[PDB]
Amino acid sequence: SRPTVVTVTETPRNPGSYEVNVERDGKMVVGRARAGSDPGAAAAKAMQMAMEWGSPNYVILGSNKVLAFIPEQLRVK
Amino acid sequence: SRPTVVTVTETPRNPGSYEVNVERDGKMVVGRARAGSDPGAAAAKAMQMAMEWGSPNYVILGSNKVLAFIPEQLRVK
Amino acid sequence: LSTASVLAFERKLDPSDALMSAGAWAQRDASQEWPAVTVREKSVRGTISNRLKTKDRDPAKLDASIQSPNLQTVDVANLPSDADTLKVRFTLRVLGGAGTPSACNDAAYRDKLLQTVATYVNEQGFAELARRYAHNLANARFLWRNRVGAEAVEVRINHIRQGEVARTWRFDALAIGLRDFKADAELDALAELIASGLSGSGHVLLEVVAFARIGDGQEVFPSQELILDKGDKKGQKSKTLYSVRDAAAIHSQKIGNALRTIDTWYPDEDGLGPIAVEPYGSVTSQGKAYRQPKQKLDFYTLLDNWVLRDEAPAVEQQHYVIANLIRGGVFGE
Amino acid sequence: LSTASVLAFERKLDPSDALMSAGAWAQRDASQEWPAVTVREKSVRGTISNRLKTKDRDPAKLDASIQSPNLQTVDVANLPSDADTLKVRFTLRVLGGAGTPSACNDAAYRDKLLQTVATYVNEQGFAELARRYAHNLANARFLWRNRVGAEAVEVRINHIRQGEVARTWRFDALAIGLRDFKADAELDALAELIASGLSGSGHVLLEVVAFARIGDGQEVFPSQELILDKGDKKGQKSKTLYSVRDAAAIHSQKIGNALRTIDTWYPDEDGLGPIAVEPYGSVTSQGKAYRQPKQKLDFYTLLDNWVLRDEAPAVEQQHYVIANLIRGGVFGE
Amino acid sequence: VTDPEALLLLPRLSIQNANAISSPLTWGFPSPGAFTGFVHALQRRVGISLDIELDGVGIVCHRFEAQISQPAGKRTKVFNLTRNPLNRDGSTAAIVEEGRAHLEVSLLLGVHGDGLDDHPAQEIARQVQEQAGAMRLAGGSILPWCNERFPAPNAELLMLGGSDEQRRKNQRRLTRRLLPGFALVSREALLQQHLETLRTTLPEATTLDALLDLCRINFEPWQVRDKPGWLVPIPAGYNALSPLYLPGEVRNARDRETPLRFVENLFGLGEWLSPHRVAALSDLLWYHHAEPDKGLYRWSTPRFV
Amino acid sequence: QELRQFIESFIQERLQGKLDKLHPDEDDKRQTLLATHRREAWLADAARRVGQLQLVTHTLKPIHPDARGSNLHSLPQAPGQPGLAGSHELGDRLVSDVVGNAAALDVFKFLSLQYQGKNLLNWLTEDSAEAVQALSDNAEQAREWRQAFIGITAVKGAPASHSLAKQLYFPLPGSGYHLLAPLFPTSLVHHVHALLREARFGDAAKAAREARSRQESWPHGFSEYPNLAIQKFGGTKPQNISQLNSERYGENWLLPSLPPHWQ
DNA sequence: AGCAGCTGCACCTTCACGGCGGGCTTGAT
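Chains as they are written, first to last, in the entry's author numbering: chain Q, 2 to 78; chain R, 2 to 78; chain H, 6 to 338; chain I, 6 to 338; chain C, 3 to 223, 239 to 322; chain B, 11 to 273.
Do not rely on the hints blindly, as some may be mistaken.
[Unchecked claim] To give an idea of the chain Q side of the interface with chain R (calculated C-beta under 8 Å), a few residues:
#1 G27
#2 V31
#3 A44
#4 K46
#5 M48
#6 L68
#7 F70
#8 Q74
#9 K78
Derived from the structure by calculation, the hints contain no laboratory data.
Cβ coordinates follow ideal geometry from the N, Cα and C atoms, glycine included.
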């Protein structure tokens, strides 16, 4: 509702690679942009999209291998 | 978000080349600056952008080829 | 007798995902340290070029005709700027034991089916089918759009015996064509081994490499994904390419369809060329299905006339029925 | 006199879920840091290759439906492009205390059954059944479709007593057949261990590892799940595979059915091969039930004529009765 | 009635195909009646010879996995089945649905008998563990821990032995062994208090239990009224339907030397806690309560609050 | 006399449904159907067909679809202990089931006609005008057919079980055990779930949808009920289990009770 | 020739029955 939503999923068509979706104002601002082949690159792409498309506020969701690289403080704003 | 966040991403329009973003207290002070064309120079640029602008604490994110040049005790502070 | 309620068949001629690498020509002997073709992403600035609707005659939609770039996002793969060779590599495994169904529900229909496949093998071997399989392996038909403008194609075939090569075939894929099956001295020595594995008296695991000379830094065409979701706009890509661990590739069903184009007999003009081996002989991209059920020239009617009533068709239709058994599927009531 | 109304037998020879990993051949000794295989989900395009239902419809709809593509999305498990060896691993517990039932109503039938099992184990101990079980552990029968194109299979068995390996066997699963039970030296020691476990003395713990050599990047076949309700078109899957802890696995009942096909004494065509031990011994892949109750050779009439009327059968059928008691099940009148 | 003099700690056990469907209205984790029947089976097999009485089980459930799938376009789930053999004449058999699950669970159990002496201190727990390996917990076999990295031993921790600072040190050294798990407890007084609260001039009994499980995302401004912790409905025993029949009258009984009685399910509420916010490990034990003349065969965690 | 025409139209609708379902026009099959339906041989057949039991608290067929045993119609007493409670014994009066042969299940549809009481017509022991209003020829057939109609509702039988049923053990505080045979409770919380998921979800749902910023909020609500699981008892012919199992096809709709994951 | 036992066949009920989401639990060495 209020913040942007960044979702980092793992593409099931090949295991080990990831994709990011950015949703703002109830509509999809960015869809299926690729985010690397390891969880670190997925965390970097997620935080970059959160910074740029973040506006005032944002929430980062996604896989548990990806969110192990981001501290729990830096997942909401 | 209290600490500084330095994210190194790879440009998907030209593979092999990297870019760096710095967060710095909820408003980005560096946007899509040119890091190196290899993981070593991306690691050097990330550590430079963490040395400045990271006065209390910082967090460095990035790929596994990039973060293989920094020891595990120097990425988070 | 009647047809079984459940009746399934296995799969022979199993390929794997065809991986792509990029390098130079005349280095074709040391082509194992070549970097992959990485799939790339980009944005264009086109124009509106779809045909306008009946509601689209107003001024607010001819303004879209006048000044509206499109700004689309697409994937693209490319050779590097100093490389003119695309190398496509995979492995094949020909098993054998074609007639025996994997599951059934009748004891009588299984006996009649096994008797029919047995008397087919007694009359003639797999020589026509293995001939056309090795022929479709000879010219590199698994390069679909990567072969319509290439300067040279070369196919290398290695018989892996015990972790190591035991026999080598070298071809010229542009000399052998796509409209006629011929004879030679090396294609026959390959087709003998393929039929030997197809009968069940061997162990055929092959390794296939193909080189295609495109040009320095031009576009190669991997397989495009099938995103089975709902359509949307401005937030979709509409062109995603296939890659195996940051390396462009082609699906296994594409390589399987390519070396299965052996069906040159149908009730239409057989002088055009071979189509694939499917029941009711369909090619959906052209929008036409040969071997229609209006005529009695499809797989099911010929099969149920051969098995139950013992009405045998011509030998070419028998080759087609045995190729349909080798392909696999679910043929039951 | 009269039989019981509740009669249950618990299951001995209890296996686990067989897990799959991938690696290289000639590193089969340090095979503990090998990564697992993972199930992927691919969306495919094909045709309409099933029989048409030409009742109460119009033919133009069918002519449109055959000339159109067909989109699906299934599951698949592969090996990586640099690993040719599939490692399948599980454990086994032989419990012992075979003839003691877990439920019995009549005490007289319980005492007569105990005396019958005591007379059997005094005359002919568990020397044939354990030998056939050790044979089915020896040839890798628990790899069902991973054994039809395998170049070489190798089975390593470890006996575990307290916290370490006390005895190690190694067999070549391809030299040992699938249809004849011969005699050997190490197989007899493994059979004697299984027999000493089945006789109540110990509860033997074995660890079985199998290495199958397929080829780089080929297809491995895990177990498939029985899903009755796939929801609605445009989004269904139609093939789902089984995996634990994000690693492709085989069901435990499939392994249990694999090491149970020991019955070669069924009356008609015993040279076709052994079947699994079942009351009215049936095969799902055949759709036929051997050991029908019409010819007095099923489990129930043999057990009733052995216990109640003391009309003991042949020893080759006493083996089948005791194997049915070892397997387990729920019977009552 | 009983207070254990010592605790026995079995390490992290694994169960491969347990029972998912636990009751006609609930699914998920199995019933604690299975665990109480399991410890009574352990008592009947080992406890007679060693002069020890085993009673009470604390359930942990380090991890839980279910074999379910969600159909396309529906938010409901279905179970994955097995393929039974054919009936006869090649006809397939009618499917009877059942669910399965994989569990990793450790359980501590309290022994109170006077058969523990000065010389048997560690061989008692080893002899219990060697017998609890060739058994099953909820219809699923116990995985045997073959050749792996490092094993896991049992423990026999005496309760009254030691100083009070040493008593809290023993409680901490036992709580450190099972900290990444949870614990299932029974909350009946909370359900009765919520019954007294919810009943405001209207009659209701069982939609009370349905109210504490759903997600009340509806409110006049929307607001979501929360609940204290994970509240879950559980099958807490049976209730009688028929009078008790004499041991040789019911046709087709299980055995002919036991009285038989037709019962049905009862439903209660429970909570999943963490094992470090209780400060009492002689708690969390489950016991039977029979009352054999009026039915109501129940099991619960007494002395909790 | 009073309601004879209602059951006459009932048998006529059954006959016309059978004629529209079969539609055979060979060897006077419709005449052979009218020979049975238009006369009162159908009433003699409905008096003949025995096997219904009217059992709600006990239904054995969910445990196994071929498990012949004893089924009961008896509610338990209320327990004494606080907290837990089952079998809906407080209010919201129950609906009963019918277990027996499926081929006579239509006979229960004859006894559930909602004319002056459907459940009153199913047990017409209190009435006396309908007992002579059923037939017109004599009085012995009236009492015989009435006794057959009120007989196939409530019958006792013999206390029995099966090997495919469930039989447990329970330790007593002193010594010894009990055998504890459970059954399947045919409770309808299915209707509560259908009401809370599809009846009044719509109006309050759109009120929460398009009136968040507005103060216009209805005095109502909804419920989501996450993670349900459907369980089916009869495969494709659910009427072999019971009659209430035909009303709801499978769909036991089991509620979730799963432990939290640590991280 | 007259009961026990096995096999084949007729009888019966009911339309899927919505998606923008929705919860409460996680330690100390």
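Hold the hint about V31/Q up to the distance rule: shortest CB distance to chain R must be less than 8 Å. Check failed: Cβ of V31/Q comes no nearer than 13 Å to chain R, outside 8 Å.
Quick one, is the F70/Q hint okay against chain R at 8 Å, beta carbons? Status holds, d = 6 Å.
Quick check on the hint: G27/Q CB to chain R CB, less than 8 Å? At about 24 Å, which exceeds the 8 Å cut-off, the nearest Cβ of chain R leaves the hint on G27/Q violated.
Interface hint compliance - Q74/Q to chain R, C-beta minimum distance less than 8 Å: Holds: closest Cβ of chain R sits about 7 Å from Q74/Q, inside 8 Å.
Does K46/Q pass the interface hint, meaning its C-beta sits closer than 8 Å to a C-beta of chain R? Hint on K46/Q: holds, closest Cβ of chain R at ~6 Å, below 8 Å.
Let me know if the C-beta of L68/Q comes in closer than 8 Å to any C-beta of chain R, holds or violated. 12 Å, violated
Against chain R, is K78/Q within 8 Å by beta-carbon distance? 6 Å, holds
Grab the minimum C-beta distance from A44/Q to chain R and call the hint holds if it beats 8 Å, violated otherwise. Hint on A44/Q: holds, closest Cβ of chain R at ~5 Å, below 8 Å.
How about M48/Q: closest beta carbon in chain R under 8 Å, or not? 5 Å, holds
Of the hints listed earlier, those the structure fails to meet are numbers 1, 2, 6, in rising order.
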